[PDB]
Amino acid sequence: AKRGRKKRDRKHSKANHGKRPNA
Amino acid sequence: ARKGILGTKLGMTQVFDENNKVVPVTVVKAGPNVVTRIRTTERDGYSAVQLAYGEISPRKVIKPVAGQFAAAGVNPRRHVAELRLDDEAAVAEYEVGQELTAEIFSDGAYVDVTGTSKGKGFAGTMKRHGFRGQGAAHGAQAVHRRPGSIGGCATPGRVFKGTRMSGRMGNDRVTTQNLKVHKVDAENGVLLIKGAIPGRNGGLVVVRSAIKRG
Amino acid sequence: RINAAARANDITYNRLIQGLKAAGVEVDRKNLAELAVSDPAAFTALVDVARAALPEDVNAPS
Amino acid sequence: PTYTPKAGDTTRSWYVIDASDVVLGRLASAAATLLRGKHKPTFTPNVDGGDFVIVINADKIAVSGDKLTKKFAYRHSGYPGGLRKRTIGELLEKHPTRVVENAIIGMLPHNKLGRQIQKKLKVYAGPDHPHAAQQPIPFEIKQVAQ
Amino acid sequence: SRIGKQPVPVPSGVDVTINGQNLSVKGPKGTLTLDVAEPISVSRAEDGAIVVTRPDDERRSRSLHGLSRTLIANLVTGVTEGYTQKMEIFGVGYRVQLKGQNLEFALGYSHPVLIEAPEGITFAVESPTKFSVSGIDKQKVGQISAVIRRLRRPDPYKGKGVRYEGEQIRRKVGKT
Amino acid sequence: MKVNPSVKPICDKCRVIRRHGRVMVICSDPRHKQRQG
RNA sequence: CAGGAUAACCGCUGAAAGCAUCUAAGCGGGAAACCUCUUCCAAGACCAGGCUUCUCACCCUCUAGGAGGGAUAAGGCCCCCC
RNA sequence: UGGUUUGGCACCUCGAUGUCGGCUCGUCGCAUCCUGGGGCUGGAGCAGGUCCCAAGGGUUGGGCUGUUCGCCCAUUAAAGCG
RNA sequence: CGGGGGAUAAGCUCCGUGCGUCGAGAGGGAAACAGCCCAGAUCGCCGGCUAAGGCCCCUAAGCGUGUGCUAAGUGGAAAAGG
Ligand SMILES: [Mg+2]
Ligand SMILES: [Mg+2]
Ligand SMILES: [Mg+2]
Ligand SMILES: [Mg+2]
Ligand SMILES: [Mg+2]
Ligand SMILES: [Mg+2]
Ligand SMILES: [Mg+2]
Ligand SMILES: [Mg+2]
Ligand SMILES: [Mg+2]
Ligand SMILES: [Mg+2]
Ligand SMILES: [Mg+2]
Ligand SMILES: [Mg+2]
Ligand SMILES: [Mg+2]
Ligand SMILES: [Mg+2]
Ligand SMILES: [Mg+2]
Ligand SMILES: [Mg+2]
Ligand SMILES: [Mg+2]
Ligand SMILES: [Mg+2]
Ligand SMILES: [Mg+2]
Ligand SMILES: [Mg+2]
Ligand SMILES: [Mg+2]
Ligand SMILES: [Mg+2]
Ligand SMILES: [Mg+2]
Ligand SMILES: [Mg+2]
Ligand SMILES: [Mg+2]
Ligand SMILES: [Mg+2]
Ligand SMILES: [Mg+2]
Ligand SMILES: [Mg+2]
Ligand SMILES: [Mg+2]
Ligand SMILES: [Mg+2]
Ligand SMILES: [Mg+2]
Ligand SMILES: [Mg+2]
Ligand SMILES: [Mg+2]
Ligand SMILES: [Mg+2]
Ligand SMILES: [Mg+2]
Ligand SMILES: [Mg+2]
Ligand SMILES: [Mg+2]
Ligand SMILES: [Mg+2]
Ligand SMILES: [Zn+2]
Numbered sequence: 002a003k004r005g006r007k008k009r010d011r012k013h014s015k016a017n018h019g020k021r022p023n024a
Numbered sequence: 002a003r004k005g006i007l008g009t010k011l012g013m014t015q016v017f018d019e020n021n022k023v024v025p026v027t028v029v030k031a032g033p034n035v036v037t038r039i040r041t042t043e044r045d046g047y048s049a050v051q052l053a054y055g056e057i058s059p060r061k062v063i064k065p066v067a068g069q070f071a072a073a074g075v076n077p078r079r080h081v082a083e084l085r086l087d088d089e090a091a092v093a094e095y096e097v098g099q100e101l102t103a104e105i106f107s108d109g110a111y112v113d114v115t116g117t118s119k120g121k122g123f124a125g126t127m128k129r130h131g132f133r134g135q136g137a138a139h140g141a142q143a144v145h146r147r148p149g150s151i152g153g154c155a156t157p158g159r160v161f162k163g164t165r166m167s168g169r170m171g172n173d174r175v176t177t178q179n180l181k182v183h184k185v186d187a188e189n190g191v192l193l194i195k196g197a198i199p200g201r202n203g204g205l206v207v208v209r210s211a212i213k214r215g
Numbered sequence: 064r065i066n067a068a069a070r071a072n073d074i075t076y077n078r079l080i081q082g083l084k085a086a087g088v089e090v091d092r093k094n095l096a097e098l099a100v101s102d103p104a105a106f107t108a109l110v111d112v113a114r115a116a117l118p119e120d121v122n123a124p125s
Numbered sequence: 002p003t004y005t006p007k008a009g010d011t012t013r014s015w016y017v018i019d020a021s022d023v024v025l026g027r028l029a030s031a032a033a034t035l036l037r038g039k040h041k042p043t044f045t046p047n048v049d050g051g052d053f054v055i056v057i058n059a060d061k062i063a064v065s066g067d068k069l070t071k072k073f074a075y076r077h078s079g080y081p082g083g084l085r086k087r088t089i090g091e092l093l094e095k096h097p098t099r100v101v102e103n104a105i106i107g108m109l110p111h112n113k114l115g116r117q118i119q120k121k122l123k124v125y126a127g128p129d130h131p132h133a134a135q136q137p138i139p140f141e142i143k144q145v146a147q
Numbered sequence: 002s003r004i005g006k007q008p009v010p011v012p013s014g015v016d017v018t019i020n021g022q023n024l025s026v027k028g029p030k031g032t033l034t035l036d037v038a039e040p041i042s043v044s045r046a047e048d049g050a051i052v053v054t055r056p057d058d059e060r061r062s063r064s065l066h067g068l069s070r071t072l073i074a075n076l077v078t079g080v081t082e083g084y085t086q087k088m089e090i091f092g093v094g095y096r097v098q099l100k101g102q103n104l105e106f107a108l109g110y111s112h113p114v115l116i117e118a119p120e121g122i123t124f125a126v127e128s129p130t131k132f133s134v135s136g137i138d139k140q141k142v143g144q145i146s147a148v149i150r151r152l153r154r155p156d157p158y159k160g161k162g163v164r165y166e167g168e169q170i171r172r173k174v175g176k177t
Numbered sequence: 001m002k003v004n005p006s007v008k009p010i011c012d013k014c015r016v017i018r019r020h021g022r023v024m025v026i027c028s029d030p031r032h033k034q035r036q037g
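These protein sequence lines are chains 5, a, m, f, d and 2, in that order. Numbering follows the deposited numbering, in which position 16 of the first sequence is assigned residue number 17; successive positions increment by one, without gaps. Numbering follows the deposited numbering, in which position 13 of the second sequence is assigned residue number 14; successive positions increment by one, without gaps. Numbering follows the deposited numbering, in which position 9 of the third sequence is assigned residue number 72; successive positions increment by one, without gaps. Numbering follows the deposited numbering, in which position 11 of the fourth sequence is assigned residue number 12; successive positions increment by one, without gaps. Numbering follows the deposited numbering, in which position 14 of the fifth sequence is assigned residue number 15; successive positions increment by one, without gaps. Numbering follows the deposited numbering, in which position 17 of the sixth sequence is assigned residue number 17; successive positions increment by one, without gaps.
No wet-lab data here; the hints were simulated from the structure. A couple of the hints might just be wrong.
Derived CB-CB ranges, DEER-like [as the list claims (entries may be wrong)]:
id	chain 1	residue 1	chain 2	residue 2	range
1	d	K27	a	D45	50 to 58 Å
2	m	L117	f	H40	21 to 29 Å
3	d	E166	2	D12	22 to 30 Å
4	f	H40	5	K8	51 to 59 Å
5	d	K176	2	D29	19 to 27 Å
6	a	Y111	d	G101	34 to 42 Å
7	d	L72	f	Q119	44 to 52 Å
8	f	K7	a	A73	52 to 60 Å
9	d	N103	2	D12	32 to 40 Å
10	a	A73	f	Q119	41 to 49 Å
11	f	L114	a	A73	50 to 58 Å
12	d	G101	f	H130	50 to 58 Å
13	d	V52	2	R19	27 to 35 Å
To give an idea of the chain a side of the interface with chain f (calculated C-beta under 8 Å), a few residues [said to hold, decoys possible]:
id	residue
14	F123
15	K162
16	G163
Every residue gets a Cβ at the ideal spot worked out from N, C-alpha and C, and that includes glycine.
Given these sequences and hints, build the entire structure.
Encoded structure:
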C-alpha cells in the first residue's frame with residue numbers, strides 16, 4: 002500500500018548510497 | 002434607515018381581526034425614551050445612537066453614572082442600549098435630548114424582537130438536546146435515559162471536541178425575525194404583536210425594524 | 064563571533080582564514096575572538112594584512 | 002575566560018527597511034538576521050542581542066511565479082471538519098501585513114526566546130509611521146563580494 | 002514577423018502622438034489610449050507609417066511582434082472608420098423593437114427579455130426581423146454580438162434563433 | 001466530450017491544439033471532438 | 001434575496017506559423033460548491049482595544065535607595081428579606 | 001489503482017486483546033440516489049442512453065429467517081457504496 | 001553476491017561465500033530509525049589538521065566563480081501509450 006511504497010522509495014536518498022536495512 | 006424602540010413584556014391577550022379571524026398577540030409597553038449620546042465615524046469608528054429607559058429615584062444611581070447623565074443633560078434612567086446604523090445620513094436625523102415614543106411605528110410593518118430566554122436550570126441530555134432514550138423494559142440495567150456510546154475506539158481516541166451532551170440551558174439572548182404588528186395604541190403607548198416573543202413577565206425587550214424582508 | 068566581526072568589517076570568514084594561512088600567522092580562533100571584542104583596531108589591522116596577503120584571483124585553477 | 006555580557010552592557014538601535022519591489026525571501030532573511038543580531042560581534046545565544054526594525058509599504062511586496070494563486074496558507078481552529086483555507090491573493094487584499102508577519106515568525110526559533118523576540122518587530126502597510134520621533138536609520142540589503 | 006514586417010499606413014486625417022510606451026490617437030470618430038508591451042519598441046516613420054521592431058528572434062518576441070502590429074492596425078482602422086454588425090431573426094412570431102437606448106427581444110418565451118446597451122455602442126433597427134449594432138471598438142462589438150447570439154439555444158431542426166449574415170448552420174431532419 | 005487518456009485525429013478534418021496544459025483536438029464533427037484527462 | 005471570485009462549459013480581440021485558433025499578451029459570461037450577507041460567543045486577541053464620568057490625598061518605620069506597615073476618598077465585599 | 005471478501009507469512013499481545021447482530025450516538029471519503037450546472041445522441045416533445053463538475057442536506061414504515069445476506073408489502077426525490 | 005521452494009510475493013523459508021555489521025559497539029552522517037556510509041572509546045586540556053555530509057535562516061560554514069537547460073513547484077511519487 003502507500004506505507005510500503007514510502008520506505009522503499011525513501012531508500013533512494015543519496016546519503017545512504019541506496020542500500021538500507023529492511024529494503 | 003432602521004428604526005428602533007425599547008419596551009417591556011406584559012402578557013398575552015386576544016384580538017379579533019376585521020375579517021372575523023382569531024390571532025393571539027403580546028402586549029409590550031414601549032415607554033418614552035431619550036437620546037443621550039451619538040456615535041460618529043471620526044470619533045469612534047462606527048455609527049449608532051444611545052438610548053435610555055426606566056424611572057429611578059436619584060439616590061439609587063451611582064455617582065459616575067449620575068455625572069455622565071448630568072453632562073449629557075437629562076435625568077437618570079435605569080437601562081441603556083444602542084442601535085447600530087449603517088450610514089451618516091441616518092444618524093444625522095437623531096440629536097441629543099430628543100424624545101421618542103411608540104407612535105414611530107405603523108401598523109402592518111414587520112419588526113424584530115430581542116430579549117433573554119427563561120431560566121430552566123441544569124437539565125438532562127434528553128430534555129436539553131432532545132435525545133431519544135431506549136427501551137424501558139425487556140432487560141434494562143438503569144440506562145433508561147442516559148445517552149450511551151460516545152466515540153470511537155483507539156482511532157482517534159478522544160471525544161471530538163464539540164460533541165452534544167448534558168449541561169445548563171437557557172438564560173441567553175434570543176431573537177426572532179419578521180413578526181407582524183397588529184395594532185398600535187397612542188394614548189397608552191403599548192404594542193400588539195402577533196405570536197409569542199421571548200422573555201419573562203416584567204422583563205427587558207428591544208424591538209427593531211425588520212431586516213430580512215422589511 | 065569571528066564570522067560576525069569579519070562580516071561587519073566587510074570580508075568573509077573563509078577568505079579571512081585563507082589570508083591568515085597564507086601569511087603564516089598561527090594565532091587561534093579564541094585569540095581572534097577576544098581581540099575582536101576588545102581591540103577593533105587590531106582586528107582591522109589583521110584583516111588588512113590578510114587581504115594584502117590574499118592571492119590575485121581566487122578563481123584561478125592554481 | 003571568553004567574554005560574556007554583563008547586566009547593562011547591551012545597547013539597542015532603530016532600523017527601517019523599505020519593501021518597494023523586493024523579494025520576500027531576501028526581505029525575510031535580512032529581517033531575521035537583524036532581529037537575531039548576528040551582525041553584532043557581541044552575539045551570545047542565551048541572551049537576546051537583537052535590534053529594532055521597521056518595515057514599510059508591505060502591500061508592494063513582489064512574489065515571483067504563479068504563487069499568487071497556487072500557494073495557500075492553512076490553519077485550523079480545532080473542532081472537527083474546521084480546516085478552511087485562504088489564498089495569498091485574498092490574504093494580501095484583506096490583511097497586507099499578515100503575510101510578512103507570518104513569514105518572519107516562521108523564520109525564527111520557535112522556543113520561548115524567539116517567542117519573546119517577535120515582540121521586537123513592527124510591520125506597517127502604508128508609507129508612513131508614527132515612530133518618527135526616535136530617528137530610525139535607513140538600511141539596505143547588500144552582498145559582500147568574495 | 003512576416004505579418005509585422007510591413008509598416009502600418011497612416012492617413013492624413015488622423016493625428017498620432019507618442020509618449021514613451023503609451024500611445025494615443027485622435028481622429029474624427031474619437032480618441033483611444035493604449036499601453037504597449039515592454040519587450041517591443043515602436044517607432045514612427047516620417048512617411049506617415051508606423052514601424053514595430055523586435056530586439057531578438059526568440060519565441061516571445063516573434064509572438065508579440067505580429068500581435069502589436071495587428072493590434073495597431075485594428076485600432077487605427079477602427080478610429081478611422083469604426084465597426085458595425087447586422088443581425089437577423091428567423092422563425093414565426095419573432096419580433097424586435099427599439100426603445101430608446103435599451104433593446105428588447107421576443108423569442109417566444111412567456112416573459113420578455115431586455116438587454117441594456119453599455120457605453121460606446123448604439124443599436125440600429127431597420128426592419129422588425131433585421132437590425133444592426135454600431136460602435137468604435139471591435140472587441141466590444143464582438144463581445145456584444147456574442148452576448149446577443151447566445152440568447153437562444155442552437156436549433157439544428159427549425160433554425161429558430163439569431164444568425165449572422167453569411168453563417169450557415171448544419172440541419173438534420175428527424176423522421177419521427 | 002469523449003474523455004480518454006489518448007486522443008487521435010480520427011478524420012482528416014481533426015486539428016490538435018494545446019490549452020492550459022491539456023491537449024485536445026477540435027473538429028467540425030462533434031463525434032470527432034474529444035479531450036484527454 | 002442580493003453582491004464578490006471560481007470548477008465543468010460557452011466566448012470577443014489575436015501571432016508564433018501570410019491561414020486558422022477562446023491564449024502564449026489581454027478582456028468576458030457561467031452552480032445548494034468558496035467569501036461577505038443570517039443568529040450567537042468573543043480584548044487571558046500578551047499588539048492584553050476604543051468613548052466617556054468619578055477621587056486624584058493622611059501618616060509612621062527601616063535608613064533616605066527603595067521598600068514595608070498603619071489611617072482614608074471613589075467602589076466593592078460580609079450579614080438580612082426575596 | 002484499493003487493500004474492503006476468500007486467500008499465503010507467523011512480527012508486537014496465553015503472570016488474558018472479552019465475542020456476532022440490535023438499540024443510542026457520531027465522524028469521515030466519493031467510485032453520486034435526489035436535490036444543481038453542462039455536453040454528445042440511432043435527441044419531434046414528455047421521457048430515455050452515456051460522459052463531465054459537484055459532498056451543503058436527506059435518505060420511511062412493515063411481514064419472513066437470530067441472522068449478515070436475502071425475498072416480499074404500500075409511498076415518496078431517493079429508500080446510495082464504504 | 002550465485003542458487004532452490006514460491007505467482008520470477010512477501011520485513012518468507014532453506015543453502016554456499018578466510019564476506020561486512022548488529023548481536024557482545026559510543027561518536028558523526030540520513031528528522032526521528034540496532035543490521036546503510038565514515039570511523040574502533042586508557043584518562044585530562046576554554047589547542048591545531050581531516051573522511052562521510054554540508055555552506056538563504058532555523059543550524060557552522062559560499063543568497064561562491066565560469067559555461068549551458070527548466071515553465072512544470074517537474075525540483076519534492078510509478079508503468080503500456082499519446
Ligand atoms: Mg529485495
Ligand atoms: Mg426542542
Ligand atoms: Mg422514550
Ligand atoms: Mg444495579
Ligand atoms: Mg430502571
Ligand atoms: Mg483507442
Ligand atoms: Mg489560430
Ligand atoms: Mg480562431
Ligand atoms: Mg488589555
Ligand atoms: Mg465601599
Ligand atoms: Mg512471533
Ligand atoms: Mg513481542
Ligand atoms: Mg504479552
Ligand atoms: Mg483474566
Ligand atoms: Mg473490545
Ligand atoms: Mg465481543
Ligand atoms: Mg467524481
Ligand atoms: Mg442531472
Ligand atoms: Mg446519455
Ligand atoms: Mg456528491
Ligand atoms: Mg451546508
Ligand atoms: Mg423468525
Ligand atoms: Mg540473491
Ligand atoms: Mg530467488
Ligand atoms: Mg522465520
Ligand atoms: Mg542461514
Ligand atoms: Mg562489533
Ligand atoms: Mg551504535
Ligand atoms: Mg545517531
Ligand atoms: Mg582507543
Ligand atoms: Mg580545514
Ligand atoms: Mg568529501
Ligand atoms: Mg552561522
Ligand atoms: Mg546562490
Ligand atoms: Mg554556461
Ligand atoms: Mg516530486
Ligand atoms: Mg512514466
Ligand atoms: Mg507513443
Ligand atoms: Zn474529425
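Hint numbers not upheld by this structure, sorted from lowest to highest: Numbers 4, 9, 14 - these are the hints that the structure violates, sorted from lowest upward.
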